[PDB]
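This is what each chain is made of:
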Amino acid sequence: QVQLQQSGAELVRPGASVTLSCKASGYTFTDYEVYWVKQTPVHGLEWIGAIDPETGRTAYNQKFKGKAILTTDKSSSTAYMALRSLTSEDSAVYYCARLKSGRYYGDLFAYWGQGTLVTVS
Amino acid sequence: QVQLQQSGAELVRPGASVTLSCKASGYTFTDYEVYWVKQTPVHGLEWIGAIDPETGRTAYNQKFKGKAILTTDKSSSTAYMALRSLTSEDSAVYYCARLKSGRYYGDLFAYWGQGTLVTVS
Amino acid sequence: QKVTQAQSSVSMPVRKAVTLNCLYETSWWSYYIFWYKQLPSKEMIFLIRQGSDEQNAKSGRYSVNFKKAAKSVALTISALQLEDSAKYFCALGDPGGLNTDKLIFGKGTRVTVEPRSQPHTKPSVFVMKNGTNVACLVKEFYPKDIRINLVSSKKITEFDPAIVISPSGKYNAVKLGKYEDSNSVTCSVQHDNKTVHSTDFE
Amino acid sequence: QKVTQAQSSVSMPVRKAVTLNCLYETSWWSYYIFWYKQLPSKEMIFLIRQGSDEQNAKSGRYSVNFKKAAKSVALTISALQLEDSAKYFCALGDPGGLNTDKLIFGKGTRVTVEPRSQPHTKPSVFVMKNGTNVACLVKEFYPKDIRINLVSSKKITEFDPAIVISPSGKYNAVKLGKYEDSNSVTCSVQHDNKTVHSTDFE
Amino acid sequence: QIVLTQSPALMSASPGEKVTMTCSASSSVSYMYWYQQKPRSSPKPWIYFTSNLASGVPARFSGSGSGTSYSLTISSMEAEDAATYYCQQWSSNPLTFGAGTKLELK
Amino acid sequence: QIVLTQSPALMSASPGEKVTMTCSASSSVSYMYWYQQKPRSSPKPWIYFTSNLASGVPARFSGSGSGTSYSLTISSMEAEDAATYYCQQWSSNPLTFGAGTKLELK
Amino acid sequence: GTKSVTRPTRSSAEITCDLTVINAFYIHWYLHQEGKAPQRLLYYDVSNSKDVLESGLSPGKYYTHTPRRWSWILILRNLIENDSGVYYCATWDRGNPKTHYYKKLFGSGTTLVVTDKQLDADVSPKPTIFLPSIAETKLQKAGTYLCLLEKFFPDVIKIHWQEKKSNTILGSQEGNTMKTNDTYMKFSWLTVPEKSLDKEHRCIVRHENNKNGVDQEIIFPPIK
Amino acid sequence: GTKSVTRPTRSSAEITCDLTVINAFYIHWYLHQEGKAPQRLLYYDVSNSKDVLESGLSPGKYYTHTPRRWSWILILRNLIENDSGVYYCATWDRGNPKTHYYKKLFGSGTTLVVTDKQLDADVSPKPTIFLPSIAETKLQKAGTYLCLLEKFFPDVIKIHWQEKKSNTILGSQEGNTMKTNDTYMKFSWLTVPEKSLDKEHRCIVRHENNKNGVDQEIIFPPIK
Ligand SMILES: *[C@@H]1O[C@H](CO)[C@@H](O[C@@H]2O[C@H](CO)[C@@H](O[C@@H]3O[C@H](CO)[C@@H](O)[C@H](O)[C@@H]3O)[C@H](O)[C@H]2NC(C)=O)[C@H](O)[C@H]1NC(C)=O
Ligand SMILES: *[C@@H]1O[C@H](CO)[C@@H](O[C@@H]2O[C@H](CO)[C@@H](O[C@@H]3O[C@H](CO)[C@@H](O)[C@H](O)[C@@H]3O)[C@H](O)[C@H]2NC(C)=O)[C@H](O)[C@H]1NC(C)=O
Ligand SMILES: *[C@@H]1O[C@H](CO)[C@@H](O[C@@H]2O[C@H](CO)[C@@H](O[C@@H]3O[C@H](CO)[C@@H](O)[C@H](O)[C@@H]3O)[C@H](O)[C@H]2NC(C)=O)[C@H](O)[C@H]1NC(C)=O
Ligand SMILES: *[C@@H]1O[C@H](CO)[C@@H](O[C@@H]2O[C@H](CO)[C@@H](O[C@@H]3O[C@H](CO)[C@@H](O)[C@H](O)[C@@H]3O)[C@H](O)[C@H]2NC(C)=O)[C@H](O)[C@H]1NC(C)=O
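Residue numbers (this note's numbering), protein chains in the order written: chain A, 1 to 121; chain B, 1 to 121; chain C, 1 to 202; chain D, 1 to 202; chain E, 1 to 106; chain F, 1 to 106; chain G, 1 to 224; chain H, 1 to 224.
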């Protein structure tokens, strides 16, 4: 079965670069891309990144551009996102997302990770 | 033979309208037009008018336009020119002119009148 | 730049000369005047050209009277034939030095030629039929006014007589019809002082 | 507004699926991607269309993998026939709502198909002549590397062998020549492990 | 960028009642997707097209609406603290979800 | 309007001498015409084209010149107080003659 | 002769140029209408391919095409009424130094007629020949053959007569083209002497919208 | 098939459209060159007669003509090198509501080749047929007829085989078109079984610059 596993919650300093990992199992990582979404109680949830493992092309939100850079590894089948300047109210849950195989459900995010909580001082 | 006869010299007042006549004999008046030239010792001689008896179309010099108006009569075969404001140094000889029959001599004035002298006070 | 010919039409016999006037206005200092002929079968034939500067140009039966100051050009045709039934156009040719200069044509004059010989002849009438179509032919008649007619009780259609000039110099006219009957139709043409039917000439 | 396909050519056997990539950049919010086929006889055949919004569209043997965020379109052909030797073009169709929208094509990919069956066969050679023109035909041979040659003292011209695929699945090759002599010319084709002349097969 | 505003901030639906939640959009959106979330879990896929069902949801859920102001309807409530939280559209390059609608069972 | 200037204001030609009179033009003129005048008489037609003779003049008269600065030449003088007085051109709409050249017999 | 094109309204029309010039630089196009003077529309260059049209004309309506090395065709994009008339191909002649550009050679002129949705009633000359009358009284029964072209929409038509040989044109005196309610009618008649009455006589009609698109040739059988 | 036009430099060229559409509103023209992507040149409207060309192209070079009710022709005014290539006629399909404008139908494409002063060496396919070899050892002397088109300048050529009847296309496997110093050479060969060897075989070559301007039909006589 398709499954995505994410790293646990990490306590972070006001200024640092944090790498969040997401590993996909049950399907071929090369064909499908991984979206990254951030959910916060005040702003809700918004799409913050998208990375295609096959070619490495990345799409960012305009507000989140520059803040987050994503990388992928097909051998380990894991996607990492880097975060900086985390003290600026960036304490939120981070979710992976993947569309249904063959895009059956349109643009709906069929498969989600369990979510990693990031809290900053 | 082609001949043109003109009126004699006339003494004139400083302000008056003077009519100078020119009668053509020896050819058909309707076909050919009559040119009118003024010769003065200071300015030489210049073309001052041209009238076509057949249709009455008239061509004037720009400087002499308005000053002189020409009329023709085919029944009498005579062309008249009217002059006004004659006191302004307009004491000169007036000649009729006609091109050679069939325009053989180009634009040359083949047939001339004897000339009428106009002197003003 | 503007050309006018006020003569709508002119009619002259064969041996009488005709003149055609052309009055133009132009701001060009040196120019040319061209005369063109438009036959009833549309075609432009160059007759003569008169330069504004050179002398009067005569070619064949066509002569030109040129008035530079009055800006008038007249074309005279002397002893015109029967083929001079065409339209005549006067074109103020712009200075032809360039290959791009146009010709400013004017509303042309129409020349019609009447026959010269004037003998008197008695027309001969005939009736020729195909199916329900009947044509009455009147041949070798000088008097233009014939008022040719046909006799028939039933009148389906009728067409105006066509009168043209025979090469002998006389007139030939033809009528038509779509009358219901064929045998009973008989023509009749009125001479300038008499009248003849189709009962004779048979 | 820009489309690229970096694959110059791809070669696959009959029963193996092939994939063709198309990477594009566009500022249009909603658009379509069209796939077209250009046969060796120039003609554009519409294969498939993928809308930016709808799901993955599958038609026949052609499937499309669509990546909206990465903006990538891949065409997969499964169990391709021998007629899939044409060029494949990816066109970023502008929103087709209007009748005036163009298609932004890209440098297409070339697909070549190799035969599936792999038996070993011995070629058969023949020599056929007309006048001074000689053609050596080698028929029913699987090994691509033949290096077919002809023997002749005098060499006028020579043309590269033409090797194509027989409908039986094997290869057929033909050579030509303009040799001076006709009777003495003899062909010879090298099998993948042997060699045969035209002295036999006669 | 479309705000994807949602009219109902909160509801007090009870079993035996059919309720509707509207998700208005500033600009017209072709298709509309919905997500359901539950406490201590990631949002579920749920609806995948206008008036569609996905991932095996109860038949009570349904969708409707024109190109603007899509909606969702449920016929009966049965022990679900949140029938449908969030929206989603990708007609615009910035894919935005919305504030979310929460309806407490009463 | 072309001024049609004439270089020689006066000449003192004598019999047995061939003289030339030039009639320069400010602008180029295609053809050039000349007139001869005598006291108590109208100007005679005389020349009618460049290098031409008209109205029965002595053969001694002749013309020459390019499109600008035409001239006239006479071979011998014989009891003529004025061989050729005036010029004329009609290449321009204002037809102008010129001052005139007078040559007293000496 | 004179050709004709009868393309309907809102449809491109093509007019050929009958001039035979091997070194033409500019080719001018003139338009002549009934009761109005001919006026130039445009002129197309040869050394360079652009064409220049006079003021007052919308750009793109007139185009010039050269299918061959020397064959100019004027193409009208969209046709409306008032665009009818005779189109003439013109070009300046030789002799620039002497007899300076003596003529502007004009073409035979193509008549353009713009109608609405065509006639659609099989408009083509429908002859109805007449037999000579009994006329042994005068002209030894020379007779007068008649070629009566009945119903044809385009105005232009060329009727001329011939014997079994086509070397010499027979002299036939035309009638007139009357305007029947929706068509045009014309007729020709010819008198042939008895010395040549033994020959069959062909009436040749040249006309656009003609069946097979060729010059129709009606045959009058000979009578001794 | 695919046609071709080989008009020389500095001469207008005409390309026809093979589309059969009865309600087209816009007709687009595409250009494809070797090693480059197809790019639209212009599109001509039908409801109104003006045509719109893309930026970067000089106005007046491309024109659209409609000789018939539905027959579009693209005319290039002045030809220079780099203007060669395949020209495609394109138009949007039906089904706007569902399967929204599913296809952009493309024409067969006309190849335009621009040369200098033509070849002038009678460039036309010059066949040289080959007789079957003695092959009674294998395939019961099936043989292989050869159609060897020798010297022709334009690249495009369509060789296909037929029997005395033209109903069914015979399967003939082509060679290749080598580039001789100034021309192109191609050849076809066909194997026919003995059961049908009794029939004469026609090799049909479709080619521009062909004598009589028709599809040449070389005949191989039958052998029992
Ligand atoms: C009245 O005029 C009509 C219309 O021209 C005549 O009919 C035409 O007659 C000619 C012979 O005189 C026919 O030509 C020949 O007819 C047949 C059938 O085609 C054949 O021998 C030849 O191929 C040739 O065409 C002509 O076809 C015919 N036209 C029609 C429309 O029927 C008619 O004969 C005239 N009546 C009299 C009494 O002269
Ligand atoms: C042009 O076409 C019109 C169409 O209305 C023609 O009108 C025609 O009028 C006549 C009566 O004047 C109708 O009857 C016809 O009368 C005579 C005999 O009396 C004859 O032509 C026919 O046998 C017919 O009976 C005729 O039906 C009618 N045509 C129609 C309705 O199509 C008009 O005469 C024509 N003009 C011409 C030919 O100059
Ligand atoms: C070698 O190839 C040449 C080129 O094709 C062959 O010449 C061609 O032979 C065929 C018959 O096999 C000729 O067709 C017929 O020829 C005559 C004369 O025209 C006549 O019966 C028919 O009208 C028909 O055309 C063909 O014309 C001829 N071609 C030329 C250019 O001469 C030649 O026969 C071949 N040699 C052998 C030994 O097969
Ligand atoms: C394309 O045309 C050129 C034109 O120069 C051809 O050059 C040709 O060169 C050969 C020598 O290489 C000259 O002699 C020829 O040689 C062989 C036999 O040795 C044979 O082809 C001929 O019988 C001839 O003797 C030949 O004259 C010359 N051609 C000329 C000057 O027109 C070149 O070979 C051609 N390229 C091809 C066909 O691929």
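Watch out, some of these pointers could steer you wrong.
Heads up, simulated PhoX-like pairs for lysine-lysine below, C-alpha to C-alpha not over 20 Å straight-line [stated by the list, open to error]: (1) C:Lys102 / G:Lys36; (2) D:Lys58 / H:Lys36; (3) G:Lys164 / G:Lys199; (4) D:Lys58 / D:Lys2; (5) D:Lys68 / A:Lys65; (6) H:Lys36 / D:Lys129; (7) H:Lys211 / H:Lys3; (8) C:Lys42 / G:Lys158; (9) D:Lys107 / H:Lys151; (10) H:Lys103 / D:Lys58; (11) C:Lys2 / C:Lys71; (12) D:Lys37 / H:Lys3; (13) H:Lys151 / H:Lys3; (14) G:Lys103 / C:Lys102.
Simulated restraints on C-beta separations [to be verified]: (15) H:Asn181 / D:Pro95: 29 to 35 Å; (16) H:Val46 / G:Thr115: 18 to 24 Å; (17) H:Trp70 / C:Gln190: 55 to 61 Å; (18) G:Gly1 / H:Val46: 22 to 28 Å; (19) F:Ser26 / C:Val14: 50 to 56 Å.
Everything labelled a hint here was simulated from the structure, so no lab data went into it. Each residue gets a CB set at the ideal place from its N, CA and C atoms; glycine is no exception.
Each hint tested on the structure:
1. C:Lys102 / G:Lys36: The hint holds at about 17 Å.
2. D:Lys58 / H:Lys36: violated, 28 Å
3. G:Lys164 / G:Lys199: holds, 7 Å
4. D:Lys58 / D:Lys2: Given that 20 Å is the threshold and the Cα spacing comes to 25 Å, the pair is violated.
5. D:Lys68 / A:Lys65: Holds. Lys68 (chain D) to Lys65 (chain A) sits at ~18 Å (cutoff 20 Å).
6. H:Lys36 / D:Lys129: Distance ~42 Å between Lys36 (chain H) and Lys129 (chain D) Cα, so the pair is violated.
7. H:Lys211 / H:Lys3: holds, 16 Å
8. C:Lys42 / G:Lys158: holds, 12 Å
9. D:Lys107 / H:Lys151: violated, 32 Å
10. H:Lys103 / D:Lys58: holds, 15 Å
11. C:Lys2 / C:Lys71: holds, 11 Å
12. D:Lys37 / H:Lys3: holds, 19 Å
13. H:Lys151 / H:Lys3: Roughly 18 Å between the alpha carbons, so the hint for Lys151 (chain H) and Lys3 (chain H) holds.
14. G:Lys103 / C:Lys102: Distance ~12 Å between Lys103 (chain G) and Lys102 (chain C) Cα, so the pair holds.
15. H:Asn181 / D:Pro95: 29 to 35 Å: violated, 50 Å
16. H:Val46 / G:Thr115: 18 to 24 Å: Roughly 21 Å apart at Cβ, these two residues keep to the hinted range, so it holds.
17. H:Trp70 / C:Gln190: 55 to 61 Å: Given about 60 Å between the Cβ atoms, the range holds.
18. G:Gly1 / H:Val46: 22 to 28 Å: The hinted range 22 to 28 Å is violated for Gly1 (chain G) and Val46 (chain H), with Cβ atoms some 35 Å apart.
19. F:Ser26 / C:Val14: 50 to 56 Å: holds, 53 Å
When the structure is compared with the earlier hints, violations turn up for hints 2, 4, 6, 9, 15, 18 and for no others.
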